[PDB]
Amino acid sequence: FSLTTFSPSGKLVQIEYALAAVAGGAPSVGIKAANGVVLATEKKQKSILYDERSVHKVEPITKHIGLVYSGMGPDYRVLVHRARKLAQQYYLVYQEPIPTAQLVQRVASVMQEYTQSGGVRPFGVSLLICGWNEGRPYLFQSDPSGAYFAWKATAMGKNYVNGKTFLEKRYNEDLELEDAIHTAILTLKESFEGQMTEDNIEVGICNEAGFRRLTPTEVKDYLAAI
Amino acid sequence: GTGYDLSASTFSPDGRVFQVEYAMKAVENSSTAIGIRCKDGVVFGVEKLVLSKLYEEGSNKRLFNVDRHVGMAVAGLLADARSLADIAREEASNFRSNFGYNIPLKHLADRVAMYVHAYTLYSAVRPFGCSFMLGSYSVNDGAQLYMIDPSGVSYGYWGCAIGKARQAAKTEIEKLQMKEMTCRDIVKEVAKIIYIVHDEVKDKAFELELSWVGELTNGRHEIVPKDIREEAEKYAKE
Amino acid sequence: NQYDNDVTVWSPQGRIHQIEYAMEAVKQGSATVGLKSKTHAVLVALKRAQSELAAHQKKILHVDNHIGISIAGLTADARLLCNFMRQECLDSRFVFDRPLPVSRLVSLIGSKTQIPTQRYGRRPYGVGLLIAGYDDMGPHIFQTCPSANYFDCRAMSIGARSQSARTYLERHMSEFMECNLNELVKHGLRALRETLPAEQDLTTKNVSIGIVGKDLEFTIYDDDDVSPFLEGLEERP
Amino acid sequence: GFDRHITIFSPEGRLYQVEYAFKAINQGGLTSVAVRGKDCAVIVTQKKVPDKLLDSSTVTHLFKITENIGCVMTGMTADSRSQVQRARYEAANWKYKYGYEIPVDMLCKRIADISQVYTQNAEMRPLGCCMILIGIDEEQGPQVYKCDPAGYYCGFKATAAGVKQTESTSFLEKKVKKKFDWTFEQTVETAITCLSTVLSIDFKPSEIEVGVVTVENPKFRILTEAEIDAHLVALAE
Amino acid sequence: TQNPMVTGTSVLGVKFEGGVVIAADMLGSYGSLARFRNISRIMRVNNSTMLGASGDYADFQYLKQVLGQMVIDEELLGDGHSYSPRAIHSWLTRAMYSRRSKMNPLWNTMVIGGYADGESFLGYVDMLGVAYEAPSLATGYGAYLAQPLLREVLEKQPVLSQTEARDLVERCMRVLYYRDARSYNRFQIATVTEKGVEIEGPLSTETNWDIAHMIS
Amino acid sequence: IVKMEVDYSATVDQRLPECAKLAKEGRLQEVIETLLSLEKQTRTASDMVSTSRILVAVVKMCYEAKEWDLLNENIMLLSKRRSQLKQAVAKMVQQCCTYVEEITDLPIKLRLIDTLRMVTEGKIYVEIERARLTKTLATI
Amino acid sequence: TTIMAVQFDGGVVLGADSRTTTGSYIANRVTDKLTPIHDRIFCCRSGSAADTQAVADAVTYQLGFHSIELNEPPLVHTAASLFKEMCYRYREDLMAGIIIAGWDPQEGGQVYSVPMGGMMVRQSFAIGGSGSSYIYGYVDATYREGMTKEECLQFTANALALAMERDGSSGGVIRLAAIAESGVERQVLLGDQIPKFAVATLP
Amino acid sequence: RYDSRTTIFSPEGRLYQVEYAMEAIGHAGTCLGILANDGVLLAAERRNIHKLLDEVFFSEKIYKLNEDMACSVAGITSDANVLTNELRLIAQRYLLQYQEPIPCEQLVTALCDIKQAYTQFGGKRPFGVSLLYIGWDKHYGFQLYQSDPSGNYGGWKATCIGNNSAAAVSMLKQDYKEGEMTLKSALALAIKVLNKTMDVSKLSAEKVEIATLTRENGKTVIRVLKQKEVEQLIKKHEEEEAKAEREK
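Chains as they are written, first to last, in UniProt numbering: chain A, 8 to 233; chain B, 5 to 242; chain C, 4 to 240; chain D, 8 to 244; chain E, 46 to 261; chain F, 13 to 152; chain G, 35 to 237; chain H, 4 to 251.
Careful, some of the hints might be misleading.
Stated by the list, open to error - Below, computed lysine to any residue pairings styled on SDA-like, alpha-carbon distance capped at 25 Å: (1) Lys54/H - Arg113/A; (2) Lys54/H - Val168/A; (3) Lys239/H - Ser207/H; (4) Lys30/C - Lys230/B.
Stated by the list, open to error - Non-contacting residues of chain A with respect to chain D, defined by C-beta distances greater than 10 Å in every case (computed): (5) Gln21; (6) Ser54; (7) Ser61; (8) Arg84; (9) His88; (10) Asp186; (11) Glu197.
Claimed, not checked - Chain B regions said to be covered by chain E (calculated; three or more residues, Cβ under 8 Å): (12) 67-79; (13) 96-106.
Hints listed in this document are in silico derivations from the structure and should not be mistaken for laboratory results. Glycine included, each C-beta is placed from N, C-alpha and C at the ideal position.
Chain A on its own, in the form it takes in the complex:
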């Protein structure tokens, strides 16, 4: 009624429609490499009127937790605002644990106000989260109704199927260094229609040193020699 609702006999029809909406069209690949995690996404603005340094698809929820998303950007904001408040509350209660990767699983779990309390209309965004404050990286996915999936590499876009196929075929693998971001950009290339450029593509990296949204300078540097 005023929660995550509309579940018929052996189905969650409203949730299934929400996932149909989260099919979206922003590819937003994610790769969990040995050194860290890369969340890359496509910012294909309509016309040149819009700006790219104005709004962002990658959001640092805290010191080393970075977040990327899928369709329904208006819902994604609210979700990332809630996530920031949740990580901050956890850090305030358990004071000074520099909590990112021992907090990445926990924030993914506290992503239950995410959907288990939908809010009449469930959220329409599936989001990938990256963290590296455990000596090991973590890439999780939270979907408009499910929970932490703990991916190693995936995509959430209009062509997420062949994107994931590309990821496994190009062998997401386990020995890949931090610069699997090249492979991430390749995976985007597949689900991208245009000469992608620095403002066109937005990518964040979360390594053991912390999280950082790569500026257009580095994004263009990586896009060169592709």
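With chain A held as given, fit chains B, C, D, E, F, G and H onto it using these hints.
Using the frame of chain A, we list chains B, C, D, E, F, G and H on its own:
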């Protein structure tokens, strides 16, 4: 409409609120009114249909006093109109209690209009079935007159009319040359315009409720002395 | 017809339909008339009896020494309005020791009943009220309809077949200010008798009178108290 | 059903209520243009005044949200005023909570969040008014943003909203693709010629109301009749 | 409320044939300090009722605001009725009683004068909710000093004329100024009658100091 | 095209010949400027005949005072100010056509090309093209 | 500390000391006690510094919002009403003496006082603070009617100087603020510029 | 007219919404609990085994909910998460109140009471999740309980809750022997029934997750059998299968 015109919270396929589009119809159906900003004040006027002679002297008057200097001439569903007038009185009293002095008419109209819009936004509550002019005068700000429709917003009016015959009234209002005519001749002319508008051609006899505000009344929005404005009604009759 | 289902919804043709149905609640009720005067207000109510064994029910409800009401319609949410009006009058008595003037009371009732006409899940108070009061400006008669739009009246009647009583009151209302108490009460009695079918006629058991005057506080006369008024009936059923 | 009646996800995987609400903005018959410049940010909307009994003094669609942020509304005027009031409340509350004035991007973000809450849930409905707010921000130059009934807040350099918004956006795209910065004259002339080409009436200097925020002169100058006339004379020269 | 800071000193008033006259000086005593010397402690409740107060002037201003607002609301309806001074006295009484019951008392002792229905009324209500009406009334040290003169005049003359009544009020004000520390030589005198409420203004009383030479 | 708001026929009748006398030889440009203000007033009042008469009087003054350059920039300003009234500008171009054909001179070629530039901004089939045709023939 | 306001033709002049005392130690010798509530409206604070700051900031909130929603500069009377309401509703908790002044086109230079308790009064001149109680006679005797801008400025500067030199809780520098239609001009008197009435008691 | 949920009866008198949810619990998920002396164990079927996961949560079906018990859901994960959180909260609240580990039956009764409330009053969906619990207490020793979304729990000793729960329970009934049952033979039975209910023979140790609760010296140890131990169990089962098949 058919499917989409059931609750105001449901937008139309073209993007319209059919609940308000229908609430405007009640104002269009109810009896008319008029208000003219004279040179140094605002004069109201509204014909009231005496549906039965059983009623006493003019009661449930379409005019109301919302504050000391402010008056409200309303048309449409009269019960909700009165409740809205009470909302306006409460708003004026609250503003006087908080910020002192008297509530400026533009802000009063804006606040009551935002309140009305709150009642059309949601689903559980329904839009108000009334449209009303708020008229006021003061030495500092001259004379102001704002009309609020059942769902829209206040608009500054030199002269406005609402109700059964808006266009018929507005034609002769715009024919009249305001902004240099004193509130006396305006009080005559508003009665003239109301009587030009149909009163008994298809309906019963009508009562002429006329209201004043201006430096001739040093503010203090009050009903015009009906005994001495019966001659103004006579001049309208001629 | 879809648009007639709920009070909140608004008909495309204009006014809503649930409110218009609410007035039929007062239409479907026993008749009552109420008339002013120069100095008195009188209510005559046809106490509708269920069966000869049962009593003729209660109408013309009591509110205060100077105000008395007559209901016509849904009795359920009518004792509620009576409680509200009694409470407000007692509140006025408590705060500034003066009888609450009727007009202020009627405006309060109108505002109170207006809200259910706009709040979802709340039915309008489908009760016709004939308030008779004596404030400082002589006797007053007010009619309150479920559409929350009250009216002031020189003489008004509500109930089943009340149109005939309305017509009689209109035709004789010129000679209402200058009438003795008994003359006015007999005017009202004739008006009410003209309502019910020719087979029915006024009895001491099926009529109630509410009288409020300058020196006479509101009083509910009946059978015994009524016979002196019922005399000189001039019966033309 | 009710997929297209309430704010719920469509089986096809869309949200039809907000899709409708966007067309409400086109409804109402108005257009508005905003051009960011080298140093200033100028916006302009037509002032459709039917009959002169209205007060052209108060028919405007642009407002000061704070001392440096100016907004233009597009769509239903009641919702437009409600959102303007909300934005002013947010600006004042921000100035109270944090010492420095609210950045325009942050204000647009808060308004967008309010609208996103509205498109969430089912009791309320989205407000059919798209707001273009502009302001000078230090270390940022002029800044223009657009909040929409959905909650997507963005929009820059050249952005338009209203009935004929697409044609205006196309022309402004041509102009911005023409690589030359607009000074505090070319920006205004560009906005004026854009809106004029959209609605060719040659724009008598009384039917548009332009707001200007320069860097050396902050504040939301609602340019007067004389200023807009001077700009029109200079442009048509 | 709990501890007044700026207090207004005494106010008095007597009713006569066809009208009432009250008087209050224009000093706001910040304890022993004559901080405010040009303040009015007399309010026009309506066209036919006046009110004065002694005590916390902030509380007096709040009551003035609330009562003026309720009078404005009453007159907005245009029902022809009004708040008779008896009803006003009752309303103030209850307000004060409600405040004491809530244990947030209003530090004001109030005198309400009025002339309605051709009969003068002169009410009295204090902080503790005690209220009554008497032909002569005074507050604070006024009830100790000026009141006895009013009582001894009224015992022999149950009814009074306006001119001698206001002369008596002026003499009582002179006595209060002579023998009250908080008093001041600037008082307003307000007269309610059938014609309405008329306030004279910053009246002053002449001081006599011949007895100053009786020191030696 | 657009409904007339405020006529100034009395004003132009009472003032224009007096202005012509005051600037019989055209040494004063304040007269030209004040008639420009008057015709701007009548244009904002959406009057066509008064504006056309003002433009005809201006070009007639330029004819009689034979200031060829000031004529060129004056007619440029008149045709380019806001476009004014199409009827009025078509008129003014017509009397300019009637005038340029009577004085041989050397820079009447410049006058012809100036009017050609004023009329070639468009509005050819609408609002008089025979003038442009005759100007091209005159250039030939 | 001491705060004072004077109304002249076409504007007002405000003078405040820069000292805020805590017990017998000088917490802040350069306190800025002339808080601009709006562009042409200023506040002088006395008493509990925290409470004064909170009340002034809340009123600045409400007044700026109200001015923006009217598209008109607010009235000094409206500001004083906001202060009186804020002080009166919370007088039992908030103990602060406030002097409001400013200029608005509606009336011009206006000055109001809201001491502890929550009363509002309009005065030609206003005086408050701990050190105010020592210059009442001087301010009352040496105040004329129709004084011009410079006369009011010098007279207020002198009154503040004497209040500072006499009261132990007042000292430091003097802040003056001249408010008029042209705008507000704020100046500071320090050290030698302080108008001094030396008391050279004979041996 | 406004939408109203269905928490009502049938013309016959059935709660068909609850029945549909309970049947849907059979769809998706597969868990089974077998009780034995000195050790009671749970086996779970790893539904999605895509190679792009990392298995860092260490447990998906089996959840440790208390020192002396562990549960396993078979429903919608959204409800499963909140139900496990509420279950742990209930157990720990009991521990706070009585300074003693909560008996398994009391814990299960609390959980089924919350589910009964969810299906009883208000316009709230029933919790579409059915879960097993294995635990040890002082009063009854090793206990196994199965709770359905209907809130009607049952004290079992060999049961399954997954898709082919009918086949699994038939296999358990055929090859279950009480008393003689011990931990190791219980493990053999569990892997055998899992191999039966999972069509692909030679089940990989990754597709099966099993956890055993055992009673050490005055202390309950809940060990989730890791990959090597699981596949060694698989190898022993394979040896038994080959021997039995060839000896005919």
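Status of the hints after comparison with the structure:
A distance of roughly 24 Å separates the Cα atoms of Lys54/H and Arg113/A; the hinted pair therefore holds under the 25 Å criterion. Proximity of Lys54/H to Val168/A is assessed by CA-CA distance (about 15 Å); at most 25 Å being required, the pair is judged to hold. Our distance criterion of 25 Å between C-alpha atoms is met by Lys239/H and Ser207/H, whose separation comes to about 14 Å. Distance hint between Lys30/C and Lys230/B is unfulfilled; the C-alpha atoms sit about 36 Å from each other, more than 25 Å.
Distance check on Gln21/A: its Cβ comes as close as 6 Å (rounded) to a Cβ of chain D, failing to clear the 10 Å threshold; non-interface status is violated. Distance check on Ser54/A: its Cβ comes as close as 5 Å (rounded) to a Cβ of chain D, failing to clear the 10 Å threshold; non-interface status is violated. Its beta-carbon lying about 6 Å from the closest one in chain D, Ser61/A breaks the requirement of being farther than 10 Å from that chain. The claim that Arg84/A is not at the interface with chain D is violated, since a C-beta of that chain comes within 10 Å of its own (minimum 7 Å).
With 10 Å as the threshold on Cβ separation, the claim that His88/A sits away from chain D is violated: the shortest Cβ distance comes to roughly 7 Å. Non-interface call for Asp186/A relative to chain D: holds, since the shortest CB-CB distance, roughly 31 Å, exceeds 10 Å. Even its closest Cβ contact with chain D, about 22 Å, leaves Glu197/A beyond 10 Å, as expected for a residue assigned away from the interface. With 4 residues bearing a CB less than 8 Å from a CB of chain E, the region 67-79 of chain B meets the requirement of three and the coverage assertion stands.
Here the region 96-106 of chain B counts 3 residues with a CB under 8 Å from a CB of chain E, which clears the bar of 3, and the coverage holds.
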